[PDB]
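What follows is each chain in one-letter form.
There are 2 protein chains.
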Amino acid sequence: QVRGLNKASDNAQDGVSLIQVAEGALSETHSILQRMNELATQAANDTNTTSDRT
Amino acid sequence: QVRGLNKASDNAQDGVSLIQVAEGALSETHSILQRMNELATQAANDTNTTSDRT
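Here the protein sequences come in this chain order: A and V.
Just so we're aligned, residue 1193 is where the first sequence starts under the working numbering, counting upward by one.
Just so we're aligned, residue 1193 is where the second sequence starts under the working numbering, counting upward by one.
Hints were generated in silico from the structure; no laboratory data involved.
Careful: at least some of the hints might be erroneous.
Identical copies carry no separate label here, and so any pair may be met within one copy or between two of them.
Said to hold, decoys possible - Dumping the calculated SDA-like pairs for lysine to any residue here, alpha-carbon to alpha-carbon at most 25 Å:
#, residue 1, residue 2
1, 1199, 1211
2, 1199, 1220
3, 1199, 1210
Please construct the entire structure, taking both the sequences and the accompanying hints into account.
In structure tokens:
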């Protein structure tokens, strides 16, 4: 039990160590999507010509 | 009886002495199995990739 619980703590700690990479990668998906919404709202205005929406 | 009881004591000690060799070998069977259980607990976690379970 002690050896097995200590590897369960190692695997929960690996679980946390992995999870942070996924929720830390999705932080840049968010920081892109804030920029995509902000760009999409700029091109939504009809003062722009097609030269300025490309 | 005295001569025979002294061989019976010598044979009961020759029995204890044999038993200790078996008992003290299974002490490393435990220590190998405590390691196989800890290794198996670690390899069970699906944060391990294939190379790291082989």
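Hints versus structure:
1. With identical chains, the CA atoms of residue 1199 and residue 1211 are at most 25 Å apart within one copy only, with a shortest distance of 18 Å there and 34 Å across copies.
2. With identical chains, the CA atoms of residue 1199 and residue 1220 are at most 25 Å apart between copies only, with a shortest distance of 21 Å across copies and 32 Å within one.
3. In the homo-oligomer, the alpha carbons of residue 1199 and residue 1210 lie at most 25 Å apart inside one protomer (16 Å), although the nearest pairing across protomers, at 37 Å, exceeds that limit.
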